[PDB]
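Chemist: Fit chains A and B with the ligand to the supplied structure of chain C, relying on the hints for placement.
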Amino acid sequence: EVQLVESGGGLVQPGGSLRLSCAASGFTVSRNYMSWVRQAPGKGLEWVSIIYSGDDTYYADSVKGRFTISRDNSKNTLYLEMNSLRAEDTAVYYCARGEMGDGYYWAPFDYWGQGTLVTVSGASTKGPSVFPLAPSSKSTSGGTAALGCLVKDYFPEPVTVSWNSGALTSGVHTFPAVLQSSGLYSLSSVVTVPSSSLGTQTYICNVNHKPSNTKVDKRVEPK
Amino acid sequence: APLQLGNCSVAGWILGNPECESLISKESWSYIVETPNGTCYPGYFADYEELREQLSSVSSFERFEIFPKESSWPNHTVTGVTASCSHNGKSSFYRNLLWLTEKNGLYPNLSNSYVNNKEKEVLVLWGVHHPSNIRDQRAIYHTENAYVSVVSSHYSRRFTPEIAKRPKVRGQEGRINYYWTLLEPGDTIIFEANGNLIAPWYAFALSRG
Amino acid sequence: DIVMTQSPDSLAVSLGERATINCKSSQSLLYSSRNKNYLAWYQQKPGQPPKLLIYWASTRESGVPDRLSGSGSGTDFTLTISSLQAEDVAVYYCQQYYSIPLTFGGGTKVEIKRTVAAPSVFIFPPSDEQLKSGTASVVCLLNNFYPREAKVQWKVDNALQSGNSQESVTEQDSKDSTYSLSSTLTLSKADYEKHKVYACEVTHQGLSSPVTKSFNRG
Ligand SMILES: *[C@@H]1O[C@H](CO)[C@@H](O[C@@H]2O[C@H](CO)[C@@H](O)[C@H](O)[C@H]2NC(C)=O)[C@H](O)[C@H]1NC(C)=O
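Residue numbers (the deposited numbering), protein chains in the order written: chain C, 1 to 82, 82A to 82C, 83 to 220; chain A, 52 to 87, 91 to 263; chain B, 1 to 218.
Here chain C stands alone, though its shape is the one from the complex:
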């Protein structure tokens, strides 16, 4: 019941502004603690801002004066209008809840959002190139075949790879992307299936790159 749907992230140039949204259902935002907590890639968690009670606002000194938090009760949404964004602001921002009882003492973050990524760079987005990692006898050690896709040359993070529109989850391993010398990202997402179902089952890796509005569906077939 209690979910937190976030939206508003993506790529922004240094100095630019961006507005984050958090759709809520299962509790009243005007009657609970609402907080933003960002996490730099590969770094610890960091609190950012809050809003509570009669729309009183605290902020962290690292983003104070640049960010402004707000909310809309008729829409049941949390907002974080960001201004003068810097490179160190590149983080996945999370949506947070707390049971505001008496409003005298603080509360932890019991329910969280799934996280949206904000990339502060000026290189602009470019579409990923998807290539089939076709299986063969060199990728068949025994009674199991290995196949995947190579999502190469894109910017910025992230990309979401699924197989057969999410109907294939057992054995799928999508690896973290790597930043190559050119300045673009590249990763590979593989899946281990029984080598008997190669000629009978069709396989489609599904890649989506929101910052470039790109959606690629590549079939993988044996060589």
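Be aware that a few hints might be false.
[Said to hold, decoys possible] When the alpha-carbon atoms are kept at most 30 Å apart in a straight line, the in silico DSBU-like pairs for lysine-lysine are as follows: (1) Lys24(B) with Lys215(C); (2) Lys135(C) with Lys194(B); (3) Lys132(B) with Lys135(C); (4) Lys51(B) with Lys219(A); (5) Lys213(B) with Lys135(C); (6) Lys222(A) with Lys24(B); (7) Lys45(B) with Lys207(C); (8) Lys64(C) with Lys157(A).
Derived by calculation from the structure, the hints in this document are not laboratory data.
Modeler: Same frame as chain C, now just chains A and B with the ligand:
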């Protein structure tokens, strides 16, 4: 002949909340009629249920001046007020408490005591301010590690105000925790501090039961 | 600004063993009024948001297993896993909701020790689609191994490669405690077809000898 408090609570009544100026203490009552947050300037009222039990039925109730404002406190400013305790569009404070601050940029060590000559039980109240940041701890008391010691023949406790920025209540980031005790006839209570003390201003002598 | 410090920075114990996560605060998390300690413990599995496991230092939330428990009062707090399971592989932060700024700890990465698993190696030649563009990326795969320490060396006609290959490792699977590694050898089109034999050699604890998979066209 019970009590009628109206809007005010016992916390608001006994602390002297300026919103309760209409209420005058009568010598006795069998039981209290409340309409219960009464703490003007937010904080924790310690042993509030215990105090309402002692104040249920009293006799020979009296409200006397325990620590005079213009004498008991040399080398300390006593006119500290706050906007959370407004009184007709003007900042004020509890009518039974004094909020002690700096004077000439100095909060000297504190010492004062009261001797129960009323030949009855004297209810004595005080508070401990918990500021919201280190900067306002120095600006009001000139000491980061403050101590408050309340000692009598039947109650001895020592408080350490910790600096913490809590959620806003009455538009205030800091709290004042409220405390009380009962002083037997012939007993002496002694207050010592160097900051964050809400010393008693009036106190109540009473016959309990 | 309360400084939340955790110990250790990475914890690896066998399945069913006993794991402790210790969090020391820069200030007492207790209130003079009552007796409740405003510390919380969170879990963060890879790719997921944090998940509150313990609030009020000791109390658990609904749905959290019993093997988890939080102890401590004052400036010293502890998360403890009595019988560590497979799905417990995650990062754990302690965070104070005492005063604001609300601050978390550095994080404690918990990992499972198990039996030595040897990886299964497969190699993928670049598809004709990428070669037409003018780039050759050979991918060497390492499905499931333990431990995570693994060396991948590229050979192009028996030539040890360095400076043109890149690799990334998946975090520990929360079911069978494996990891996975892929290395992407990015070459140009002129240098791919100029050569013939390409082979990724793998050395590991579970492997008695360096294993090599190779294709020969290009
Ligand atoms: C408050 O100020 C001083 C605190 O000791 C009291 O006496 C003065 O002491 C300072 C040195 O500490 C010197 O200036 C003099 O010895 C004292 N000056 C005066 C004017 O008394 C002073 O008595 C205290 N205030 C009152 C009203 O008594």
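Chemist: Tell me the numbers of any earlier hints that the structure contravenes, in ascending order.
Modeler: 1, 8
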